[PDB]
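Each chain, letter by letter, is given below.
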Amino acid sequence: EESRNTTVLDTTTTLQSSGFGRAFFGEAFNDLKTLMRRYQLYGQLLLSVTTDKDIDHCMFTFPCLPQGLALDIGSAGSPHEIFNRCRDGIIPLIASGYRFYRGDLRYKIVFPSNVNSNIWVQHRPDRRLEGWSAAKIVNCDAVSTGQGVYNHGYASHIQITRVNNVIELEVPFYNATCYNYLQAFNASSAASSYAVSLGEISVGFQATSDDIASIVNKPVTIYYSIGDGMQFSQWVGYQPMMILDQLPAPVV
Amino acid sequence: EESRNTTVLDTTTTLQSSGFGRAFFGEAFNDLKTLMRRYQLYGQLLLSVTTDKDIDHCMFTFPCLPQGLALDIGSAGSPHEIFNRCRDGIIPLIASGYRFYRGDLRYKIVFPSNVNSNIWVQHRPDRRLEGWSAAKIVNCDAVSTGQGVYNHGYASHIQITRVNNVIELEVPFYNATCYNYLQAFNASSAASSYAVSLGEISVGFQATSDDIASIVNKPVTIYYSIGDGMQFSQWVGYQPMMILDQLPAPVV
Amino acid sequence: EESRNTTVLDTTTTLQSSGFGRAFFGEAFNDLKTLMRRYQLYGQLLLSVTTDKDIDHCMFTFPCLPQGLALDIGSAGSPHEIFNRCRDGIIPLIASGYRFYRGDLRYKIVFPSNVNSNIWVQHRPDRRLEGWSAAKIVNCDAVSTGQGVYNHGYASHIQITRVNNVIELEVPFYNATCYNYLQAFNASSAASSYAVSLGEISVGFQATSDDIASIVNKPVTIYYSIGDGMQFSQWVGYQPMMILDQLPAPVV
Amino acid sequence: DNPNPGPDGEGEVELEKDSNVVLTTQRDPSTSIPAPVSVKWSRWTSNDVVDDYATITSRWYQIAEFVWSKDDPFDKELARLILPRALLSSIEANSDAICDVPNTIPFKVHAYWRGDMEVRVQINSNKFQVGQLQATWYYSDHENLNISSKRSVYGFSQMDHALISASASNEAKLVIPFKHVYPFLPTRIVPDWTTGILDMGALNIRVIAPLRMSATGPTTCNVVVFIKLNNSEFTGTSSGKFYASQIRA
Amino acid sequence: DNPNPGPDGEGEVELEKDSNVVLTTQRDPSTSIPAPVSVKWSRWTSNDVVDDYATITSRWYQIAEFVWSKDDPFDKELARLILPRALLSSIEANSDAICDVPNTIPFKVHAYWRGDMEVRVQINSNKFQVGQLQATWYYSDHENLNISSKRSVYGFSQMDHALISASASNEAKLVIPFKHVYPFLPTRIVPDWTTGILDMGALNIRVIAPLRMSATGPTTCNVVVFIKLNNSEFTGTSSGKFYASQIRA
Amino acid sequence: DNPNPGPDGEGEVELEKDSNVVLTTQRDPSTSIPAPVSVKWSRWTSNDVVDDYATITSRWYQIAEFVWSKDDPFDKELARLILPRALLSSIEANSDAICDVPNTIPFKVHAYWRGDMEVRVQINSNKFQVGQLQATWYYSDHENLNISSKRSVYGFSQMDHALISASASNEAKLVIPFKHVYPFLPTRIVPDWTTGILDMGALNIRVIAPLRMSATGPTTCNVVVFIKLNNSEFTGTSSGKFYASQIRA
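Chains as they are written, first to last, in UniProt numbering: chain A, 903 to 1154; chain B, 903 to 1154; chain C, 903 to 1154; chain D, 117 to 365; chain E, 117 to 365; chain F, 117 to 365.
Simulated from the structure, these hints should not be mistaken for lab results. Fair warning: there could be bad hints in the mix.
Rough simulated footprint, nothing fancy, chain E against chain F, three-plus residues with beta-carbon under 8 Å [as the list claims (entries may be wrong)]: (1) 117-128; (2) 137-146; (3) 283-296.
Don't be surprised by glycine CBs; every beta carbon is placed ideally from N, CA and C.
Work the whole structure out from these sequences, hints included.
See below:
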């Protein structure tokens, strides 16, 4: 009783279909998966080293989920101007209009330039996601459990910064479920926490205490596409939006 | 507009039909004529002789009608306990649910035992029935008209009490009508009185004044079936009934 | 939504159709054109000569239109008793129930008897009819314009009174229109005045001043049929009628 | 399923055209037939000229009109008509003779009658009115003395009947064939038949659901009963002066 | 016969889609056609470029709306529109020029016109309201001086007309072909034609049954009239400055 | 198009006869199906005896009745039922155990469940009442924290839903298949699943058009919700003493 039509009072004629721009621009913008495989910024951070780190310590950690992180506006003094000004990207705006997903993701991590050190990246699909709080890029500041340490059995890859300071990887779907939730997650049970993100990506440097001083306050950006075999499987309508050019200007 | 069904809301399944007890008991109780051919008590009386009777005098008289007599509860001192306790039989209870009849009847009259005298039974289809009053067994106490006398031309039969003190006879349908009334008759005209009962059965003894002293206060019972070729031809609903175990008990 | 029938509740049987009197009288009164080709009085007048007339002067003039003239009741002293008593004829009563016409007319003019003079009749289809006023028989009393004069080019005919004092002529349809108006004409424009009557018939005598004295106060009657090829082309309902035997009698 | 009313009202009139009398019904009739169609019986007991008059006897004619109000209880009789008597008594209740109506002029001149009947009970109730009536036919009412305890809607529902709902404003057709002890009903005083002359039983209209409405609704409604004698046969041509008026009741 | 309303209302919309204007009717139209369909007549009296503009002239456009109340007597006229004048006068009554509506821009620039008409008279009355109106078309009203005694529903019922019942809330379609003495109507002041410019007659809506209701019913209802010029032909291309405004009336 | 009401009322009853429970509807249901029909999944994660009980679980049983009045604003929720919890909580709200209803006795004894649903939302509104409700199903309501800004008829109209008009008094059928992250919902406290036991999401009935009427119209109306579990499968036969009562809410 949603898409019904009682009486269609057509006063129009036939309009020439362009095929979603394929006639004009040589490309059809109908398949939305083609749009979602364009990369979009997952996040950015400035590297900060509080305690003395070993070679095994991970530099930062983040859960890997397609509907985008908790929107990091930044500090009140120094806000991240991308997430503050133009609030959110295309891919989570599409993913807000669905409930469930199943499939892989694609992450492209861009490291700073003047660093040379060899970088390891692990994917741990063990970390359940406990609430929408702490669903963000987390600077590892201490090592108590096996979280900070480069572990053995996970899917890892090492990028040589001397050759190229960007890594391009594909995170697979490893949950034991039919789907996962595709909204701002509210933790009710313990089993529901296993089914939010695909896994948990930890990026670490092999630098020592002397070479880590050149890495402090350097930016690391993370981009993500949607991959392929990536299916959204329940239509949910959109939440209240916000208009972007109605936001106030930084007057002087 | 009586047996209609607007919407039958069947929540049931198919129930196995027994064929009105033919599966269990070897006999189908569907034909109600089979029930009505079972004998049922037409009445009972105690013989009482007031005046000196001749051989020709009839002992008692009664109209022969299928819907049962005026229900003789008896005297207040000595009530007839069959018609007082269990009010009425099956055959008039069925005949109350119809309006018209046509056909024969079957009468079985049981006489007392220690009497020996030869008994005559006449059927006179001449006596019109004048009102529901005096539609009962009438003790002939005097002979004024040709009512008390054994007449010539009627259908008669003589039962020998020395051989057997029960007579089994069939009263035929002799009215000049299409039907007869099958309710408590209310006399409006004179022609309607000809069409209530089939006829009028008179039973008389051939005893003299000396042998009639052994016959006083002896019971005579009259039973009747419905015969065959006996058809009820107009559906009339039932009158207000009365529940029998709601009747009061003779407390001491 | 005029001749509709929702539910016809016929309680009748079949009535034998006479064919509009053809069975009884040998003639069918169904075609109303057959009725309208019977002659009916267009008007009557008494000839009156005020000024001295030449041979060229017309004696009287009248527009030729099928819906009948402005109904001349006559003077209050001497009323024309035909138009006063039985108000109007059949042909304009039929023509009141239509809006438009197209076709010819037939005029039969009966002149007085004791006159001998040769009579000319012209038809001028040039005279536009200016209002329902002066749509009547007009006695030509003076000659200012070319109206009084016998003109050259019109369709004319001369009747010899010595042979026969009646003329029988056919006025043709000469308007440049699709139809003409068939009601009491109200002049709005100048072009609508060209499309009321067919033309304008002028009748004149060739008598001199000595023989015209025998013509004064003599009656001239004008009759008209409807002609053929005469079609009424728009149904208009009838106006309020008046009942004729409800008119008062000339009591003494 | 697609309504489109016009100047006519979007209806469908059902017609009963019986010998120059036409009855119209907007609704569908609720019929009930007590007995199957009877046979003609001029063979067995008549030698006189036996002839119906179907042009004047198979016509419709009103025999009762009454006012069903909201001031009537649950089980309350509205009409009780002994129909062959009720036709003549409805004419005589209008204060004239029986020879002034073409329906009953053979009853003036003949002696006996047998024919079937057609009864139309038409209500004129508003759509917002709520109530329901029975139209129960009973053969030979007067020949049963315990009928005074029988006249109730509980007993009359057991035999077949016609229901009239005040909401739908429907109609009750009653095909009543001749079913009597004797195959003819006398029209006048005839030998050994002095009372109950031409009586075949009572059509009695009672209430099931009393007339219910709002506080300011239309209080009453009207009910009209029409009768038809279709399969008649008249025998025993006699003088009209032997005939007497019916019992008033 | 089996109603099942839903969120849509269980109806059936009839559509009149004529050049990007769509009219909707719930009910069935009550049509009436006075004269048969006319012929084109550019053959006999025109040599100029003769062309209709069916994309802009065969559209629907309202020419009158009015309020039929319960305070109107039996025989009382509600509307009297000289339709070719009434289109232009309904535009000029809204206080603008005639070149602001696409229906009438050939009337500004041409001289003569011939075409048929389609008139829709739509009432918006409640189902509980009771009343009835006529929609009678009369050719060339002003050319008859005894029309002041003619304007009544007794006379207009004799010629064909369209009935509008307030209960059914039905609709009146009026197919009016061109029937006039001259085969063209001038749009402006033309030689020997100074008054009655572009007048073909009066559509006059009168009352038969005045609007009846309860004590607290809805008092009034609204009636809107739409017009269409379908079989038009425009001849005599001229200057627009020669055109003058219509008579107010 | 030709109405003829009788003693029955001229209707057409639609029947839903599901395991000795019969539901009747006068109107046509307005269906809405969120997801296509699910598959049985006893193959992949169960070795226990897996069996539905279609004679007792595919029956109809009321889970909510409420009173929609005219004192409700535009966007106001009337019902918000977490349906697998709401069945058990509607039984426990009637103050008894869960083993007294034949619909829910396998929930007492089994551990997990998967099956589709059928929801009937029946309104009993007068024909003169005016209003409209949504019947929107949302999968896994509690797993979204921004749902408190989502619960409105503007957002619920975007996903598919069922509309209930108070004028037509129509009905909302809701075919809800099993769509969840895990292929089974536990009926009791099970390992690493302590809260949100047997929750699949919220059926929430809100108002679009508030109930409008005259000054003296019927103020309220009633809404009843029935549920059916048709394609069920029960696995993990366990003790009934391990089961605990649902959260009250």
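Hints, verified against the model:
no.: 1; hint: 117-128; verdict: holds (count 7)
no.: 2; hint: 137-146; verdict: holds (count 4)
no.: 3; hint: 283-296; verdict: holds (count 4)
In summary, the structure agrees with every hint in the numbered list given earlier.
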